[PDB]
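*Asks:* Generate coordinates for the entire structure from the input sequences, incorporating the hints supplied.
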Amino acid sequence: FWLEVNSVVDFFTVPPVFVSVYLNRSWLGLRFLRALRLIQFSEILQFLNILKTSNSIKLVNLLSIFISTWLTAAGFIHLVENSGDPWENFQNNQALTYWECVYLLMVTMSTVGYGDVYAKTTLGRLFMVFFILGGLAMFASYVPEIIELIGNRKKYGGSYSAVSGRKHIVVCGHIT
Amino acid sequence: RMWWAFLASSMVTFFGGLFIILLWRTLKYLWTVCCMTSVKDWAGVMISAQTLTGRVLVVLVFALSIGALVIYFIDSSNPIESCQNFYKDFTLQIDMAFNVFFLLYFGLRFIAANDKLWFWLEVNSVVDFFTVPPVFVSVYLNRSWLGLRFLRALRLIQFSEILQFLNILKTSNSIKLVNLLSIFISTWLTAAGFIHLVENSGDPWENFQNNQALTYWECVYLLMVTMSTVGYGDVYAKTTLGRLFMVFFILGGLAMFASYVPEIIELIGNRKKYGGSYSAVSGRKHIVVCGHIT
Amino acid sequence: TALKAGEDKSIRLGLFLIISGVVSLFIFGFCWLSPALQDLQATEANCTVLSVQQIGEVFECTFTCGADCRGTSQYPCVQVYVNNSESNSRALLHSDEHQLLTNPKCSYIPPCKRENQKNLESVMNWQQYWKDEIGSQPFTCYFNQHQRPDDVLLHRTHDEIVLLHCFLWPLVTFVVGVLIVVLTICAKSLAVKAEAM
Amino acid sequence: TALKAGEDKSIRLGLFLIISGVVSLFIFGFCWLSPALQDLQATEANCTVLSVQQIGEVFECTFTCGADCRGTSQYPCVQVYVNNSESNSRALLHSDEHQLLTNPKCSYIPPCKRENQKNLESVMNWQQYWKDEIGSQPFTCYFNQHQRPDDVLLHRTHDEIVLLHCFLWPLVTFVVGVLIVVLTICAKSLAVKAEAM
Ligand SMILES: [K+]
Ligand SMILES: [K+]
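Residue numbers (the entry's author numbering), protein chains in the order written: chain A, 177 to 352; chain B, 20 to 54, 94 to 352; chain E, 38 to 234; chain F, 38 to 234.
Honestly, the hints are just simulated from the structure, not real lab data.
A hint or two may mislead.
[As the list claims (entries may be wrong)] Straight line, CA to CA, 35 Å or less: simulated DSBU-like cross-link-like pairs of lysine-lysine:
(1) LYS155(F) - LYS168(E)
(2) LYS46(E) - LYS230(E)
(3) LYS343(B) - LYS168(E)
(4) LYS330(B) - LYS41(E)
[Claimed, not checked] Pair by pair, the computed Cβ-Cβ distance ranges are:
(5) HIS350(B) - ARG207(A): 51 to 61 Å
(6) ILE243(B) - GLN174(E): 51 to 61 Å
(7) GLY291(B) - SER226(E): 50 to 60 Å
Where is the CB? At the ideal position from N, CA and C, for every residue including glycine.
*Replies:* Below is the structure:
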């Protein structure tokens, strides 16, 4: 339980906020890790019976892993660019907003790369090399994202909502 | 400033050595038109390969090659104007202490590998001819040169042998995967060395005036941003030679070096394998079930 | 009783903190050594002021007024020369590397303010503070006779406390990583040996 | 006895050095010919100084102080005119192409130093050196009457030794490549013919 991922998200979120109210001073630290809580959003739609097939549960699980990873990686770039390199006395920092980091990640991971925004610190360049090499060719380059996409198309129905006043009939055997 | 004497020491040793080996074979051919050999199989051969305790002729020369490559990373970070740290310090003194081993190990391989000609133009032999003589020139002139030393990164290719001899690495499939992965890292660090060299020195038709002060890490980053096809253009090659090299690395890196197919077959081949040995733990009873299991 | 599943994750985390510590020390090595291998070649020395004056040149500085203010104002150039007693020769006094690199012409930069009179006064009171000490008073000062014998500084390029933080913290993660795996392999392998009783 | 495996690799290396030599000569052809086909149109000529003077204009130069120093300082503009005897007409004296392209207004650039007095003295002693030779002394000088009849140089754009290096070294690799394949095909095909005895 202690080294469970959702437990790690609490250890990097909760104590800093006690320090912040004790010192009466906010700190814009690793709080973005709260975005990693979106991964289990499939459980909410499944418990509320909004989400149907196991196939659609797999699709929403994959889609939420993409959004939460995108918002997390944008948080790491945000932190690492707004604070300089320490060997540079923190002087080479860059005033990227969080939304410029979200945009930079999208323009990079689509491989467009305009270079209107890019990481300038040495740490930011190390993180972008990691996010390019891990984001392509490991995190993307799945195969089940197409098998589940066509698996959503094969399914001929579930229940026949029988409407009142209409007569009804069932046909079976060799139907072709 | 001098520079071409360092380069000549490698070009002359390699081509001259090719010719003396070729001509030693040629004069033996002419001899029939005109009309200690036991010790080499004993000494060194019995510890270099397939002899279990041979770590002193593989793990050691690997760790020294990584040390020589790290020393190159250190050396490339400076503006090359120093006259104090580049001598009796963690620079040329220790660099020569690492490189003298490669002379001995090259000689030991030369006296063992009977076929001199196939051995001379072997890739790992070529890496020694472009590394070793320049460092003798450097300690003779008492002046470091940041030449082709990055080629020591091409020694990482055989890192699979170390993990296999130490029994760290299991299946032949995982050996193929680590062999491919090490070819990528060593090629990336090598190509970054060629761009580094070719951008920090200008085009010669431009009197070397159009040079660009890229660090080695900016060249490593440039190669990654290029080969992923992102291409921000925050860093790019400005010299005519650097642009020729980037056109080659784009055309050879895509569509030949990448565009393999076994990198997916080995990736799924790592997923099929249901186990190897059943570590039988003491005190637990045990049973085996077989036949038609479904 | 899922102890096998937690344990293997504990060993993987210990190995991760070992490798992360080693790699973090490697990375911080290559990028700190350029600053550090520069500053260890800059020697501490004794120096004494020869003269203080304005050279009649005037330079720009950037002031601030909140919300990315593009405020700019001029100030007069002061020069100060010293005899550097470690070389028995002239050098310019420059205070620190950031000042030197932001204007290498002049010995001082006033903290650039909204009004010209506040720049003028600041430079004049700095000049007047040094006019009291044109003399034999030895000044502990930093010089680089190895590759930069022209300018001398009052302060070093880096505060060594952040350098030391930047090596002690990754070394702590390496030590925690090996200490995690060394403690946990007993609670794995010897716990079952003592529970078999 | 693996001689077949080494031999074929020897032939492939010889063919590689042939093709690499030919392609390297082709590449260095296209990029050297723009400089070379310019400098062969610049003629050596005799010229004589008409006047030396300052025109009262002042220009910037960049000085250095170590660690990518952005040092800048001004200097006074000198002009020197010559009669170019190959055209019996005025031209400005410009020393070399780098000087001309870094400031085409003025005949000389002082090596830009930290103090203005060192720029002033350098320009004044250069002017004074030419004040001794305002006369009939023929000056061997380089002129381009084909497309640039306005300025004259004391030096050429390139040192021909690097041009010659840049063609002799790839030609050597072509010669080594063909000499490798021509020597090795005998040690392949005639060695077996003489071993069959
Ligand atoms: K692109
Ligand atoms: K771009």
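*Asks:* Give a verdict on every hint.
*Replies:* Against the structure, the hints come out as follows:
no., hint, in the structure
1, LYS155(F) - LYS168(E), "holds, 27 Å"
2, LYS46(E) - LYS230(E), "holds, 21 Å"
3, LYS343(B) - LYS168(E), "violated, 93 Å"
4, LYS330(B) - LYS41(E), "holds, 23 Å"
5, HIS350(B) - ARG207(A): 51 to 61 Å, "holds, 57 Å"
6, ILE243(B) - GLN174(E): 51 to 61 Å, "holds, 58 Å"
7, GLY291(B) - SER226(E): 50 to 60 Å, "holds, 55 Å"
In this structure, only the earlier hint numbered 3 is contradicted, and the remaining ones agree with it.
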